[PDB]
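Form deposited in one PDB entry, single chain, as structure tokens, below.
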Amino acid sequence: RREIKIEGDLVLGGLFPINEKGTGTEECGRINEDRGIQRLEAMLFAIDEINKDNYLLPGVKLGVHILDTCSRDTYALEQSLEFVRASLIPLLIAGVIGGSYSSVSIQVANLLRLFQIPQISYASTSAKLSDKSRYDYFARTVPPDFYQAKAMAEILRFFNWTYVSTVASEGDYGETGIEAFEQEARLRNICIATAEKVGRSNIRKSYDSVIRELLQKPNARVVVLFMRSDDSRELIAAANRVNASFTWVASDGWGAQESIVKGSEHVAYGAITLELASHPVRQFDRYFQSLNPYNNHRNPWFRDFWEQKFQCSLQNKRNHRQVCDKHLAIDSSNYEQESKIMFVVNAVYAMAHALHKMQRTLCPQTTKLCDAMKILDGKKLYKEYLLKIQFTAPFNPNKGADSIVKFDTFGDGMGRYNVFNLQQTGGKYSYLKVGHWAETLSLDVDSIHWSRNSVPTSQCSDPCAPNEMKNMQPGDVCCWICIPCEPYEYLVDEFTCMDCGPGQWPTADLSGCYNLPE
């Protein structure tokens, strides 16, 4: 029963997948270091900054009530009940920052709307959340996968990968994400060899079984992935067991996390992944690296985090071995800012700017929470927050690279993505930015390192022999057969053989006909 409760004049609830999904009968498992602990600290970071800022909510201290979602929608939902009992020890919640997984953000959203509690997600990308008729108190600093799916399909359409396999996570993230892709695929004449999907309480066999099925479609060497972070790790490990090798094209679920490929790097080599377009928040690196078990007591999960990151033990762990060097530290050699940290910070600041404007509007005489704001109107708040437009928390260089945080009419963020390629050049494995997507695809193909040093081929059928075969399309529009032609016929075009006619014969290259002698 861990949580972070910090009092304040106004309190923001927070939800993070601090722990991985519990396996079997347990509800929570291992620590999610980057997407759990880091992101949690980024909200703590943002709250601290805002509490030191004399121009944003001066006179109104922001507190928090942060809870673990353990990467499970049902668990996050039960936890969230904590945010609403509040409006009846318990802290009144002005708004909630959170949900990483779309499924948890959705369920939490169905609960928070009942009590008019605004919610801002910093990572939930499902297109379902754009529906303001169902999630009317939900907003997010990231875009809907309606766009990510387009970026992925256009990438395949570029390298002409017309025959691919897809595996998607069960849940609102993977399923709706994969559906969007399928639609985008059709429109670009891309066929799906086989559509697999893993899900809830799935064990090895479920994944091993997916690898087998992918293998049963040898021609489909490129496999599209729209899977949760946890499931991705599982699928990669499975491929590693039977040493399966495909060119992976995964969504942000996998993203640019090295943790997903750890221990199966050669299997994911050459993979192409996507992640929302972002830039690290510099002041955050300083904050996070200054954290250690001695100065960070407000984060009840930090000790378990520390022990797992460094393979520790102090006096607060199970019956293990190897105590830990008091000189260990989070630093430039073992830490790298999580890709979505920026969105966590701007989500919190968005809520703050929305409360600030509301306080200036209802409390014109003081900087304090006046009686008129004693009981917040969350409906108004949400429609005082949707219209917000401000420059990304100080923590962002320039102001011309469109560093403005604001929301769509659907409460969504801008659909900008970056494309990455998992390389290893320097002995070590890393993600290199090899392109991006803003409205049209963009990537310099020369910097990409493929699997098996060769740009992958993923088509239904083998290419026809030149010397004489014509391309023949059967019933579908992806597969075909090759029909060698009569020695006296030439290829008027790729799919049609025609008689050169009397006195004539086809040219060595079969492009035309030359006259016969004798």
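Whichever C-alpha set is largest while still superposing within 1.5 Å between the two forms counts as the rigid core. Numbering follows the first chain given and starts at 1. First, how it differs from the form deposited in another entry.
- The Cα position of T23 differs by less than 2 Å between the two forms after fitting on the rigid core.
- Core-superposed comparison between the two forms: the C-alpha position of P466 differs by no less than 2 Å.
- Relative to the larger rigid part, the smaller one turns by 17 degrees between the two forms, according to C-alpha superpositions.
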Given for the second form:
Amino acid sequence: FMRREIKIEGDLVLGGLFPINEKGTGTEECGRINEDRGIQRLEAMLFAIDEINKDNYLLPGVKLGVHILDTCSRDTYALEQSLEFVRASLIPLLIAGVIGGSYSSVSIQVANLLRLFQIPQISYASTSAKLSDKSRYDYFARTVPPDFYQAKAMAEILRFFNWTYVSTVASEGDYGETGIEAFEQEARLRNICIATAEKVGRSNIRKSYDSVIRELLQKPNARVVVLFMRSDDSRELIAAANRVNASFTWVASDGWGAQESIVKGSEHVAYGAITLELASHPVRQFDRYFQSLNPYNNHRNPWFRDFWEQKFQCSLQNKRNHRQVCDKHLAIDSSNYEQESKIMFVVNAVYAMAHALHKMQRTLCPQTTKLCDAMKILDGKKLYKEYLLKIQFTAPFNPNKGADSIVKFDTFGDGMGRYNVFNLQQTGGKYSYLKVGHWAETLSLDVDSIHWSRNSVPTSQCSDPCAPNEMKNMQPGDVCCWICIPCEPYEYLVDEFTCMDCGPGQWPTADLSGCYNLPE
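Given the form deposited in one PDB entry above, produce the structure of the same protein in the form deposited in another entry.
Next up is only this chain, free of partner chains and other molecules.
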């Protein structure tokens, strides 16, 4: 009955798309509130717009408005909502550009729509490599890198700990499938075989995941399971593993990332997991802004109440038929809130669009700081090719300027491929993610601080290890599996895969490391 949205007027308006809500189960289209990747990212855009609207050096004289919508984590829904943006270019606010798409699936479908009306789009999280194709997504840019690189980082971590026999599970779609495809290619090149390639799809229930766990279990040697799945799907897989109390060493992509919500209620099953996330640094000024928000001072965000009641398990006078009203002294603070991993990218995205519009206004309107007649009807094509050439220092909210804190784009409209490696620990009774490394162009990580599953650096190879006393390692046709050939009592192991006759007068040591002389 009531489809929510945020509409703030301005001289120029930016559309916004965020998975404020989780995917709806079954018949419903939207589900629970997505706290970190939803509300936080939403408020980060509102935050960025407010700052920009008070910045006398960026778009002074041109107030930015917004038209933010919920994608409910589904491309089809995001697609229907976006229609709102194009009808505008005919109550309806004119869209200069769109900030958004978290899930690659929504960004892509949305990009397919927006290009038809020349509306530039900047995603702050979609990493699918497909999006680098300017022949299909010619009005799309992003402040993040293509998974072409994330897949390498993952394959190089496996190749590091010599995990040559692993299983993979990918989400159906442009995120999971193309990402896992990239990984597989990187795997082959580094002599890593895949035990079993599983994949979950759209509208899947418990049984589809349990069925995945079972198939992973049917590959006992493959103890390391590479994941490239959507956030929600990831949550389902771990919940499925927790049921049959299955346990593997997980290597997940940013879909999982460093979210605690993913492991909540299954912490022991995910313990020791290794996950990747785009290299970022929190935006300090945003912490202040987000923490100051409350149901009393934040009426412009029509999803904040639901947010509030879910984060604190509340109720006021604006909820279902429940119980337990809430403490008017509640507050978002350092004890219950941690800046979402990609906030930095949301702010840089919004700022990139602003800088692009700003340079265009400086150019087409040389007499004032106002939106002159020449820019009354924006040439979206030019805007996008004024936007691609943009280069500026990350919104002031970034210390220094030496750690290459410049926002710009590839010729494909992509950002720089930099990732951080995380390890799910629990040392202090509580479960949390610890940065245990990073990937820029080459892998890097201090193995000593990594807490593994079952306190031992996992082993993930195709065949069982050979018995000492007499077996030799034998490689058949591949470079992952082998057979163990016990040797003759008169042979010793010159090396792991070779048996040699000790020769006359000599006999192998109990150890088989050498030969000793025979008496008598």
